[PDB]
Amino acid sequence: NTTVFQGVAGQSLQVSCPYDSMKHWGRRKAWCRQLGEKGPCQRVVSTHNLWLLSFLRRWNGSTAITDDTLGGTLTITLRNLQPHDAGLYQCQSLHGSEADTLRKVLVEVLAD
């Protein structure tokens, strides 16, 4: 059961990944995109490298990430949604070599 997010193309879309603020305390977060089914997942952007500053927005081009570590809500903004921006993404909580999956989403688009 993934979840879906619909966006009008040319205007911005926000996705929210809720999580347990305590379970993932001190953990960096990342937003990545999927290719085909089984893999790979490729990192688009991660929250600030210093956890106390993860409330700072981070950008990879048109994609922004911000983390509310106290309330436990990660928020990704796809500014100016595009057709090619559509696809299957996930939010990740990182620890050591591994990453755990916080939420799994599709993005949809409509022109005009």
Contents of the next structure:
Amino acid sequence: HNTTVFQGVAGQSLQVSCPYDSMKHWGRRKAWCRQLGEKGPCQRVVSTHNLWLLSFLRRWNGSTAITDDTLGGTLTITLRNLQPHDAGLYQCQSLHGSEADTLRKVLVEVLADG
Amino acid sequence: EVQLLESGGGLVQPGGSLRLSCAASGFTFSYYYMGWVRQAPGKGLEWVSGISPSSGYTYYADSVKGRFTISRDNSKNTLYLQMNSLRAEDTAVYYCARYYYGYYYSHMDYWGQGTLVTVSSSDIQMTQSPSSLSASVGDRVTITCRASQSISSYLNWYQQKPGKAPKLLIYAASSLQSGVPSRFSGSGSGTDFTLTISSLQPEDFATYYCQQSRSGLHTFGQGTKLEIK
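Would you mind generating the form solved in complex with its partner chain now that we have the form solved without its partner chain?
Full complex below, order starting with the chain above.
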């Protein structure tokens, strides 16, 4: 379960896609947290809609937007207006009850206008 | 395993030029931010420069801006630091350090043993209240660290044994780095932070520094000498 690098030019919107099994994660909410170290924490930046049936509705939180496709099985994260302080390790999480499974490790790179 | 091998140090006259080289192995060098930290002989740590994986972002300190030039070659896994117009103020032991994923809000988890350079013939300050602290084995020591402005909960604590490279203990205000024993603990938010050791050990007698990590200049603290009472 290694990392996938997503790089985007600073000042533009970065789209991070997280595919998953729509059958396995049926009825599970999704979250996008920022990992600051090897021992955590993965501070939740944004999560999907509180009602899983409305996962298609965009849930904004600062400059990070999240949207989920429960049928097609695709979690889309949007880092609107990239900033150099947004670079780091993140996680795509699938929430079920009290536990949380990791879907994909994402490394956000910021390019200075390459 | 991870190795940060430094080279390119020695003696130089004022106004000379040197090129510090830091060969890296064990980690994907094109993923992490890199940075240089020098330490004057018998003084505290000073953050020098930093660089982005794509080399598009170069952060320099005020004392070395314009004269130093940080660079990297991801194809050869090497970090460079071109030093020009070397004044007598630059006499220090330069350390090569790698940042964990990210730069802002991140921490230096791996350091090089350091190379010696001897010149022969959004600005926040960090102040540690106990400059010289003396305690015995088993005492309860609590070192503090005050910031000039709000730095949220992004502060790091480093332990530097006399004659070796500094090691990372606490990062992100209160997170314990992998490998650090459970005796160390951190706390604090905003502008006041504390480093607490429950019971001291024979290997805990060293120097401890606090480093802020919210702006582009990750300045260190003045230091705290911790020896036997």
